[PDB]
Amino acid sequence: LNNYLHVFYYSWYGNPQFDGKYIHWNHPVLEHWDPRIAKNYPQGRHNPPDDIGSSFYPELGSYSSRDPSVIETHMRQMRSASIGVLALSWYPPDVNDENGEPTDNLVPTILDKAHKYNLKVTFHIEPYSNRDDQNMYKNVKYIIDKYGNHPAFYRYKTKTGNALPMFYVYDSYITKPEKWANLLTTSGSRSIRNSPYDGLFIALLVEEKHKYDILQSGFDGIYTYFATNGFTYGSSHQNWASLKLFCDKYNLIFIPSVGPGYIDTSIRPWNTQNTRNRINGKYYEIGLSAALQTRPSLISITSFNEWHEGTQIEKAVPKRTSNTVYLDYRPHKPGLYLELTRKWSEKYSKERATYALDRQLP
């Protein structure tokens, strides 16, 4: 069970059975800002269970994240894949993504279940409205005060520092470095550094130039998230070597994000250019291979169950409707991407041993 391997996990799915309504599966088709194109594409909310906001279809179907048996299954599948850490998409309580309802109320159950399959839960901080250095302080405090004592709570166990929480911060670069440095530098007006609420803060890098913004901000590490090689400077794995090298110079944790392919045209029909075909695993493997080159401190996986963007490694089946031929992992099985992960996880987990300065040889 590899604890240096992280996977981005979403809890925002709902169905009538458990939530009393469909959530996220019944996703709207997001309109192009230019309506003179929006009108040449589908419109409105997907009407599940047959029609969902996804180019693939889950084994569990139109499932509820509030369904213990789903959480259980999910944990089990991550375990099969030998992932130790799920990076849970998080919004503050009474707050939600624009296409969902709130999901902090669920976290207690997700931890209990992560614990039950001896898995760990770190937090993937979404860009909630008015996110800044101030409410971030209030939320870190809430998160550790609320979930720190839970034996599922993830802490990067520094070989010989303190065991430190990790916070992945999605679209960090939105908040100016001056503002981050209030919270993330030692002498910042609201610094949690050297405090009971200190952690390892991970910033999304997009453009080459975000490097320097990230240093000025006070962040401990960087992650790329994006599954589409070519989309951003970060998500392009040819760049990854330079980001490792930079991260080494400035004592930053370089966490590359590897994805098994990309397709989001169920909800962003204009977004074809970033579609990547899975090539039955070849994409995913070239991604995980390029990540291992760098000899990274952790590796992140985009994603377990981002179904809208088609980055999910979770078990998916073939399905056909009156009008839709859903994609699927055929020729191979529902578990294909869990096995490709288990494979490369055990390879990473092993290779990572030879890295440490203490474990070198004559």
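Shifts are known only where both forms have a C-alpha. Heads up, when I say rigid core I mean the largest set of C-alphas that superpose within 1.5 Å between the two forms. Positions refer to the first chain, counted from 1. What changes on going to the form deposited in another entry:
After superposition on the rigid core, the single residue among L106, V95, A290, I253 whose C-alpha moves by 2 Å or more between these two forms is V95. In the core-superposed comparison between these two forms, the C-alpha atom of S69 has shifted by less than 2 angstroms.
Taking 2 Å as the criterion, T158 counts as shifted between these two forms: its C-alpha moves by at least this amount when the rigid core is aligned. Once both forms are overlaid on their core, the residue ranges between these two forms with Cα shifts reaching 2 Å in three or more consecutive positions are 94 to 102, 157 to 161, 323 to 325.
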Given for the second form:
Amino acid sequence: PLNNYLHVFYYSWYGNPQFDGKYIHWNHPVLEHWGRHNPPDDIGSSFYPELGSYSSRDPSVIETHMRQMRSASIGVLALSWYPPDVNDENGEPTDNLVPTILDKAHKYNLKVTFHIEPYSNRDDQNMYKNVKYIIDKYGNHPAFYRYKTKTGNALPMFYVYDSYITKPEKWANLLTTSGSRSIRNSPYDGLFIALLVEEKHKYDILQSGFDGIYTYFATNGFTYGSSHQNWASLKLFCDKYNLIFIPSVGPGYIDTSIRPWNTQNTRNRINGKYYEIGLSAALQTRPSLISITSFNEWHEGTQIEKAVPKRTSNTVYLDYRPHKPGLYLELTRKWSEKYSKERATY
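With the form deposited in one PDB entry already on screen, would you show the form deposited in another entry?
No partner chains or extra molecules come along with it, only the chain itself.
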């Protein structure tokens, strides 16, 4: 059975010459601070996908991804989303793949929710527009995710990455009752999940009107929110203030193909043990949802997607030996079933 309460962060930003006319994302630039890879032999990842330097628009890729997520008993993909009108994307807008993704998710009884990226000049005004757009265009699709609240009401969910860039007073225009562009008590109401990075964000989130928090980062120690030391405190905080706590767990982290300096935030997978430690840490908070970073953020080495050994003449790749390419899907299934069993007792 699928765990309806387990979400994974999904990316549809990959392109290749066969499907897109060029590489997209695999030819990721090497960043200089907070010179591009040459696919297919040299991609912007420390690992190599079983599907190769694949295209996110290739229907066989999307099919395989939905099968893998069902095999992991993940019920919901949280789709990285940019509005089409921004100049944030190097191809054709990724919003034009959302219908295919919803249809493919539905084949396997998966749901799709939205991870709103930090698009150019995102604010309260264009967030109202984009929330309305997502619910109007996608909200009637049978694979469209809603979360049933304490009061019985089922609402769309929006994860807001780097929410803190926008000041609380501006969020309150959208997220509080009497705000100038309120979605509250409207057909466009939702559960808005803030990214909690720093401990001081707790108060900002309360002033903003958010409905919950998530932590995203797969590195235990990168941020206050991402640190297992703080998850009991964040759960206490969320329970006290009627917020949905969504801890984010990853299987490892390595982004040095794109951020060569960032060795401090590398986390060895310990042949699956890092992931199992983080899953244990999340489950014992008795959270309402758990998120997994990531299905396929290959740049940052957080993926649970199948990876394979690969040798080339110029690039070195990590892999999942001495285990199989599907290790992380198998570990996810084990912990998904434990979470389903324990959550039914809360």
